[PDB]
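4 protein chains.
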Amino acid sequence: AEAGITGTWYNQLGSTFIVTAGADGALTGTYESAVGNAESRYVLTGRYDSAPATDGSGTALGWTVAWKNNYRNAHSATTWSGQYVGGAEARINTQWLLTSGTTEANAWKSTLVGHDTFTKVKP
Amino acid sequence: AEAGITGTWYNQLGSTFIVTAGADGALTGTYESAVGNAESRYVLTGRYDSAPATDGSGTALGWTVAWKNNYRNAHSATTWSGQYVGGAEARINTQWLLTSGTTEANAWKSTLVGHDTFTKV
Amino acid sequence: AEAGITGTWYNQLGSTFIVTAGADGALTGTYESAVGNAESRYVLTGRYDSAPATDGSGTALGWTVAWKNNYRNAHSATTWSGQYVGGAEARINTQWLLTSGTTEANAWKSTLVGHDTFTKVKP
Amino acid sequence: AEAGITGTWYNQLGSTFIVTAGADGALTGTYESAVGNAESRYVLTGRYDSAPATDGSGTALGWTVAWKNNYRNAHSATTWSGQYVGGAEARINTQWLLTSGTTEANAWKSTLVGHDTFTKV
Ligand SMILES: N=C1N[C@H]2[C@H](CS[C@H]2CCCCC(=O)O)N1
Ligand SMILES: N=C1N[C@H]2[C@H](CS[C@H]2CCCCC(=O)O)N1
Ligand SMILES: N=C1N[C@H]2[C@H](CS[C@H]2CCCCC(=O)O)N1
Ligand SMILES: N=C1N[C@H]2[C@H](CS[C@H]2CCCCC(=O)O)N1
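Protein chains in written order, with the authors' numbering: chain B, 13 to 135; chain D, 13 to 133; chain B', 13 to 135; chain D', 13 to 133. A prime marks a further copy of an entry chain.
The shape of chain B in the complex, shown without the other chains:
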C-alpha cells in the first residue's frame, strides 16, 4: 500500500530513510546513513508492488542510493531488496548490495552484501 510505506523509517545502524510511495509503484525520498563515507542526505529512488497479495504476504520493493551529493562522493551505490510487512509494528526487511566503482583488476572485491531491518516512526 503506498500509504503504509510512506513515512520515516530507521534501521539498526541509526540511518534515516524518508520515503513516499506513489500510486504508480514509485518510491522517492532521501537516505541519511549513520556509517560509511557518506555525509548528509542522499536521494533515493525505487519501486514497490503497488498491488501486493490478501493475505499476510509482505510487499516486495527495492531502492537505490548512489553515494554522491553536493558534499561528498563515495563513488559507490547501494541497492536494498526486501519486503514491507505492515501491522502495528511495520518493518521493511532487506538484503543489500553495495558496489564501489573499481579498476577491472579489483572488480572481484567491488561488492559488499548485508541486511538491514527498518522500523517505522512517522508517516
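It is worth saying that the hints were derived from the structure and are not from the lab. Everything hinted at is true.
Quick list of the computed label-pair ranges, beta carbon to beta carbon: (1) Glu-14(D) x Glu-101(B'): 47 to 55 Å; (2) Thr-28(D') x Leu-25(D): 23 to 31 Å; (3) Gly-68(B) x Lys-121(B'): 18 to 26 Å; (4) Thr-32(B) x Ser-52(D): 21 to 29 Å; (5) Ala-100(B') x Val-47(D'): 37 to 45 Å; (6) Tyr-83(D) x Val-47(B'): 29 to 37 Å; (7) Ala-63(D) x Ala-35(B): 27 to 35 Å.
One-sided excerpt, in silico: chain D residues whose CB lies under 10 Å from chain B': (8) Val-47; (9) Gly-48; (10) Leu-109; (11) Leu-110; (12) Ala-119; (13) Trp-120; (14) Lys-121; (15) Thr-123; (16) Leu-124; (17) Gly-126; (18) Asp-128.
For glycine and all other residues, C-beta sits at the position ideal for the given N, C-alpha and C.
Position chains D, B' and D' with the ligands relative to chain B; hints supplied.
Relative to the frame of chain B, chains D, B' and D' with the ligands by itself:
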C-alpha cells in the same frame, strides 16, 4: 564513459533494458526480460554516481524493477548493483537480488541472487 | 579459538548446529534444519581462522551442508560465511547461499541468500 | 558428471583448486588463488550432493577456504556455493561470500560477494 550509459543494453539471457542517464545521477527507462513471471516492459528507476573518479574505475550504479505492469504482477522486485565501464565495448557488470513477497513462514527463502552482464550488442 | 566454537548452537529458525573446531582450522559436525526439504541430521564440514587477531575482532569461518543424508536428498547445498564473536554471549553471525541443482535454463534462479545468527548453548 | 568433479579446475582470475570428490559427498583438496592477501595453497573442504537427480540438472556443491596457511593469515574465509555440470566442457558455476573478521563496528562491511566459473582448461 559519461552519457554512454544511456542506450539500449542486452544481457546473456536476452533481456533488454533501455535507460536514460540524467546529468544529476538519475537512471530511468524500461526493462523487458526473457525469464520468470514477467511479460512485456516494466519501469525501472535507479541512480548512478554522475561524478565517477578520474584511475580508470567503473561508474557505480544500481536500479530496481518491481515486476508489476498492466499485464502481470509477479509480486517481486529485483535490484541490480554494479558498475559501468566504457571503451570500444562498454558493459555493465552487476549482481542482483530478487525478493518475492512471502508470508513470514517463507521469509527465509524470499531472496535469490545472481549476476548479469549487459552489453550494447 | 577451537574451544569457543566447539559446542551446540541454535539459530532463530530453530535449527541445531553441533560442531567441533579442530586445531588445524577444521570444523566438522552435523546440522539439523527446522525448515526446508530436509529431515534428520546432515554432515557439515568447514574451516575457520585458528589464529584470529587481539583484539575484539570476530573469527572468520564458513561451512557447507549438502542436503542429502540416508533419508532425504533435496539436491541442494548451503554454505554459511560469517564470524564467531565470543564473550559471555557468543554468537556466530552468518550470511548464506543455498544453491539447488537446476537445468541450464533455470540456473538463474538456483541460488537463495539469507542470514542466520547462532547462539551457543552447550560445548 | 560423477567422479568428474575430481581434478584440477581453474577460474577466470587464474586461481586453481584441486579437489577429490569422495563417494559419500565429501570434497577435499587445495586452493591456490591469484588475488587478495593469499600466498600459496590453502586447504579446502566442502560437500556435494553424491546422488544428483537423473532431467539434466547440475550437481549442487559448496566448499570453504579459511585464508590461513603457514605463510599468511588474511583473517577471512570464503565459501563458494554452486553447481557442477559435466559434458565435453565441464564447469562449476558459483557465487561466493568472503567474510573478514572485523570488530563489531565494521561488521556491516565484513562480507563481499561475487561469482566464479571454473573449467578444467
Ligand atoms: N544505513 C546503511 N548504511 C550502510 C548500510 C548499507 S549502505 C551503507 C552506507 C555506505 C555509505 C557510503 C559508502 O561508504 O560507500 N546501511
Ligand atoms: N535479466 C534477468 N532476468 C532475471 C534475472 C534477475 S531479475 C529476473 C527476471 C524475473 C522476472 C519476474 C519473476 O520471475 O519474479 N536477470
Ligand atoms: N537452518 C537453516 N535452514 C535454512 C537456512 C539455510 S539452509 C535452509 C534449510 C534448507 C533445507 C534443504 C532445502 O530446503 O534445500 N537456515
Ligand atoms: N578465485 C577467487 N579469488 C578471490 C575470489 C573469492 S575468494 C578471493 C581470494 C581472497 C584471498 C584472501 C583475501 O584477500 O582475503 N575468487
